[PDB]
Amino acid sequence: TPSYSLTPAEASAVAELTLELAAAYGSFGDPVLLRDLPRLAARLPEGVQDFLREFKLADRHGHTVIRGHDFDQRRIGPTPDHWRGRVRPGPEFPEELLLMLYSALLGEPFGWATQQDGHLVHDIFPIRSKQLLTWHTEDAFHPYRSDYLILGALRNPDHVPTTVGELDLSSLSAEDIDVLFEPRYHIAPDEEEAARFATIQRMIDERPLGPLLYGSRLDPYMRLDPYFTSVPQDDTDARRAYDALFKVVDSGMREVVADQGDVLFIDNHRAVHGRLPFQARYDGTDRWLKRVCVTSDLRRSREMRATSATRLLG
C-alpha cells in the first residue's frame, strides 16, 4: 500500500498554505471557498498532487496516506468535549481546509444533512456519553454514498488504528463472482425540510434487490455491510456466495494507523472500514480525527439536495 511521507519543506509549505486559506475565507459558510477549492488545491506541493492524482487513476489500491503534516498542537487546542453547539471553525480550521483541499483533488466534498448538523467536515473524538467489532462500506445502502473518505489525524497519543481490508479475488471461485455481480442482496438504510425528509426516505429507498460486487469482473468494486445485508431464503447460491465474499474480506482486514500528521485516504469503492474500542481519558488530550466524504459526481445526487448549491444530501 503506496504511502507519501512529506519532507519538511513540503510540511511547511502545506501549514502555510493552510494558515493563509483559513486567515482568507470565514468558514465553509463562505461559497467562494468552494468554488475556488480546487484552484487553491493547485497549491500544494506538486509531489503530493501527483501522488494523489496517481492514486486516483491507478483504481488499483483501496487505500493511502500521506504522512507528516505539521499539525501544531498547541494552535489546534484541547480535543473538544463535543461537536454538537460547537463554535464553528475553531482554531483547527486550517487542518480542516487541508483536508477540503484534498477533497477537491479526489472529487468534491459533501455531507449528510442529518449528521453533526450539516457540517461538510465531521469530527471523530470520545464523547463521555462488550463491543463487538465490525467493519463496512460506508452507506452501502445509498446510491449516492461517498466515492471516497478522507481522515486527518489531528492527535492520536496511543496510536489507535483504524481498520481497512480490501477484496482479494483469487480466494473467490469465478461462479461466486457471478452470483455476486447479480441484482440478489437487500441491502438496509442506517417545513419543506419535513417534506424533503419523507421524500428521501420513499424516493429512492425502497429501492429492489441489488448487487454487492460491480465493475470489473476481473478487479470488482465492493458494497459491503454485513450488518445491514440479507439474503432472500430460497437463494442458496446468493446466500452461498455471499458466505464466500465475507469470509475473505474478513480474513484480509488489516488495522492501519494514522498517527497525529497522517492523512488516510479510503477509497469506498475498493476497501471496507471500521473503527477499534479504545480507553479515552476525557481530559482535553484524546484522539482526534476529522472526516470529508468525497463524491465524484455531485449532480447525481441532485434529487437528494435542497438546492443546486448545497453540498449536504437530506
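C-alpha atoms forming the largest set that superposes within 1.5 Å between two forms make up the rigid core. Numbering follows the first chain given and starts at 1. First, how it differs from the form solved in complex with ligand AKG.
Superposing the rigid core between these two forms leaves a single residue from 73, 199, 116, 163 with a C-alpha shift of at least 2 Å: 199.
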The other form holds:
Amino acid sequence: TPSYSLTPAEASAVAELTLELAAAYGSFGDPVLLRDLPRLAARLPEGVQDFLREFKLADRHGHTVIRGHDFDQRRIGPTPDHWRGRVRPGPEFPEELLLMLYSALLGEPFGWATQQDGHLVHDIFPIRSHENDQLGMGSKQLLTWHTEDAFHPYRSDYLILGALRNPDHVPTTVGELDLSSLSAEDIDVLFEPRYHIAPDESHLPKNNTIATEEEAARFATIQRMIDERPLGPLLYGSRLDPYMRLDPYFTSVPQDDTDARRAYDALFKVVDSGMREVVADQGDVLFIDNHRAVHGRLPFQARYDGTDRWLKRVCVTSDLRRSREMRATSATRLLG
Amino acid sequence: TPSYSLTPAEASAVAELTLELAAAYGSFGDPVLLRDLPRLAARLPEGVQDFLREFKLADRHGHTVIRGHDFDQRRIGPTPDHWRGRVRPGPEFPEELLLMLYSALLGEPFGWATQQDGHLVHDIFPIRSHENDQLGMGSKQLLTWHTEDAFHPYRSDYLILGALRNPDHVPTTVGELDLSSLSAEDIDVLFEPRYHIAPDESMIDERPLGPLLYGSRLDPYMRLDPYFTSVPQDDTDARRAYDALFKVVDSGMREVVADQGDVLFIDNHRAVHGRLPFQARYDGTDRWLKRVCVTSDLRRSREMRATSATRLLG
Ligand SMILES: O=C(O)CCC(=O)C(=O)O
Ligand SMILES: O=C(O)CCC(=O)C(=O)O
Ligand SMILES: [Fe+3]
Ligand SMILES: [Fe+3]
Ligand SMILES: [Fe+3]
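Could you give the coordinates for the form solved in complex with ligand AKG, as opposed to the form deposited without ligand AKG above?
The complete assembly is shown below, putting the previous chain first.
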C-alpha cells in the first residue's frame, strides 16, 4: 500500500497555500471557490499531484495516505462539542480547503442535503448525546466495516479523511479484496445479480418530506429499488481485479440461493480477515477508494473536553451529472 | 450560446504552450503525457480554464466555442489523403495536444480500440475512398443528427471538435431540447425504458429497452439517435411521445460553423449534432477537424477495457 510522506518543505508549502486561499475566499458558500478548485489544486507541490494522479489512474490500490502535513493546533483550536451552531467557516477552514483541493484532483466533492446541514466537508468527532450510537459522531460503539452507501447507485467513488487530531491514535479499519483467496466459481456468483442490498434509513424517500411533484421525482429511483427489490452483484468491473460493494449489515442473501450464501460467506471471511488498522494521525490525510475498499472505526472513549479525535471528511464523485435526477438544481452538489 | 474569444496574447500563450509540449513528449503513446494532462492543462490561460469550468458546471448549454486560436497553417500543412498508414505524430501534433488538454479540463480522454487505429485524437476530413458513405470521414450526410453512440452505456459525455481548417465554412448542426413544446405526460413516458436503440457497426452486451430522456424531468438529458431508434408497435403512447420529441428536436436544430481556430465543445447529454453535406476539393486544402471524446468517469467503463490503464474501449 503506497503512501506519500511530505518533506518539511512540502508541508510548509501546503500550509501556506492553504492559509492563502482561506484568506482569499469567504467560505464554501462562494461558488467561485468551487469553480476554482482544480486550478487551485495545481498549486500544490507537484510530487503530491503526481502521486494522487498515479493512484487515481492506477486503479489498483484500495487506499493511500499523504502523511506529514502541518496542521497548526493553536490555530485550529478545541474539537467542538457539536457541529450544529458553529460559526462558519471555522478556524480550521484552511484544512477543509485542503481536502477540497485534493477532492478536485480526484473528482468533484459532493454531499447529502440532509447530512450536517449540506456541508461539503463533514465533521467527524465525538458528540456526548450521540455516544451510544453506531455513527461517525459516536465513540463507545464499534463502527463495523462498510463500503459507503453500498446500495446507492450514486454513492461515493472516493472518500478523503483528514485528521486534525487523533491523540489516542484511534485507527480507521480499512479492508481490500484479496481475490486469490476466493474460489473462481465463488467469483462467478458474486458477479451475478443475486444479492439484495437494502437502502439505509437516512436515504429513504419517506424519511424526508413527501411535498410537491419534483421533490418526489428526486427519490423515484430509490423508491423503485425499495418497491421492486432488484437483486444485484457484490463484485463488478473486471473479473481479474474486481470492484466490490459490501455492507454486511444491509446485505440479504436469499435463503434458497445456496450458491450465493456459500460465495458471500467466502467473500465476507476474506474481507473480514484482511481488515487493517490504519491510524490517521494528526496531519495525515487518508484516501479510500469506495470501489476497492471497505472501512470502519474501532470503539474509543471520548473526553468531551475539546481534546478529542477530530477528522474532516469529503466525499468524491467521478461524475456529478450522473446524480442529476436526485439533485434539486444543476448547480447544487447535494443529493436529496 | 456563450463563447470565449481569445485575445492575441492568449492565442500566443496557447500556441507557445502546445509547441513546447509537442517537443517535450513523444506522442500520446507516452503514458506520462496522459498522466500529466490535467496539471499541464492548468498552464493554459486562466480565463480559458475558468470559462470551460463554468460551461461544465453550469450544465446549461448544449455546446460552447473557444475562438481565435492560432493554428499555424504552414506548420500544419496540407489536409492529408487518408488517416491510415499516415505517421503518428504529424506536424499538427500541437493542435492534438491542445484538444487533449481541453479534454483533461472536462474529464478524461478516451476512444474506441477499433476506430481509426484507436487513436485518442480522431481525424475528420473528406476521404475520396470513404466518400458517399454515411460515415464521418465522407463528404455527405443529410441531417442525420445524433447523440454520439446513443446506444452505448459508456458513450461520450462531451465531444471536442478543433477546426484546423474550414475554408468553405461548412456547418456542424447542433440541437438542444426545448421543453415548452412538450407535454408532461410525454416527458414521463420518454423517461421510461420503452425504446430500443440498436448498435452501430463502426464484448458482453445484452438487448434491453431504454429511455430517451434521463436526468431531471424539468431539464432532461437526452440519448437520441433517430436512425437506430425503434418503438415496440404495441406501445402507442411511447410512439406518440417519441414523435413529439423528434419534432421538437429536429425543428430546433442550428447550424454552427467551426471556423479555422475554433474549438467546438458539444455536451453529449444536452445536444444532438450532425454534419451537413459539402463539396470537397480533395486538393489538401479541404476542411480538417480534430476530435476527442471525453468521459466524466473512466472507471465506469472498466469492464469493456483491456486493462486498467487503457483508455480504449472494445
Ligand atoms: O471515523 C472514521 O475514521 C471513519 C468514519 C466513517 O466510516 C466515515 O466517515 O464514513
Ligand atoms: O464534422 C462535424 O462537424 C461532425 C463530426 C461528427 O459527427 C462526429 O465526429 O461525431
Ligand atoms: Fe463510512
Ligand atoms: Fe449514507
Ligand atoms: Fe457524431
